[PDB]
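Below, in structure tokens: the form deposited without the ligand, a single chain.
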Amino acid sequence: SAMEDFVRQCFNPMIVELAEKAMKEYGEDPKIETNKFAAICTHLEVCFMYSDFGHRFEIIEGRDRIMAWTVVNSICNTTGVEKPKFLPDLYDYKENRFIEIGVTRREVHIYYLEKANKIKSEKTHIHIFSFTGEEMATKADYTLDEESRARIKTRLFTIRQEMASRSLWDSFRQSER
């Protein structure tokens, strides 16, 4: 598929490898679930950019479940912050709170409501990004400075435009995988 080629050309090999590992966890094949492949790569890249724009942030996404829960447990033991139900994406040492990052091809408020209804934890901060430069965060607290968020928005829009140039955007956005 052209989607796999695009993924291997636009994403660095480490992100592609982690995404393939996550698909093995899912028991899914990157050559069949190509849109899920692109979405997982995009979410990983956004989480890594978010963490690098700070060390203010502890990365939880991208680790295997053992190490992710080990990191979450150590953070909870040191800070006393409540342990989340689901594995979040980041921990913010400055605000002392876990962060769930969302990347959606739909409207940001719809996805925000979906994520907030899932996580059921007022403590965990939510930050949603779209491929159109829109964002939505808990209490309108965007955590990052405007420059870092602009970098993330530019990266997402560029991914959307590369997909559209390769005639892949319609399939990707119409899919919720």
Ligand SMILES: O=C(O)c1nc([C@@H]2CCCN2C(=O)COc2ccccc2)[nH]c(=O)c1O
Second form
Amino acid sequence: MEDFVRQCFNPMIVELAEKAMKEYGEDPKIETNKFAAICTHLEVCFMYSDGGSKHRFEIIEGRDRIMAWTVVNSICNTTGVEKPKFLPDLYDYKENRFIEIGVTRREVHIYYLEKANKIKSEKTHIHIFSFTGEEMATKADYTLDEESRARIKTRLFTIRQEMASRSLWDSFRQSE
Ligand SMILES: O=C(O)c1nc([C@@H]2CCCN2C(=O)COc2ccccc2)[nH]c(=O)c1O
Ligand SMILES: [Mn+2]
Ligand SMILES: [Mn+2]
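Can you now output the form deposited with the ligand bound? The one shown was the form deposited without the ligand.
To see the whole picture, the full complex is given below, headed by that same chain.
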């Protein structure tokens, strides 16, 4: 999984995932499935953009969580949007709402429901992606155009297929 993660993901993404796990008392080399899951979730957050023109999305994920909260505060003060109780993944400057991104090896609908229960607030948008080319979003609002989401689904499916050829997929699917 390590050898796969180092080869499959960008070195900056690998460095961020190593920090997040060591920060939470877990080592990248034993809980290898968490290593790959954190790398994949980070990548999806980076691709969550229409890829053109303005900086529509503030990426909250992948940053020092203490510092990321000050950014959420600054947005809420300027925008007036209610403050989320849990640190979201992105903020949409066009729709003026926070986004929680989910990447699951389980089903998109059951993973959305768990997120919605935990989020509690109806204001934070939820967008779930799977490794099987499916997605689920709040009120069927997928935020991005279909080509941007197609890039994410194909990348996730590509990750899924690359793991499967190395016999790593089934264990990665069961770790969740
Ligand atoms: O998408 C998601 O599932 C998602 N989940 C979380 C959960 C909530 C509790 C803390 N936590 C984390 O994973 C915090 O990092 C960790 C935790 C354990 C090991 C390594 C890193 N946080 C999100 O920001 C997020 O996007
Ligand atoms: Mn997050
Ligand atoms: Mn997330």
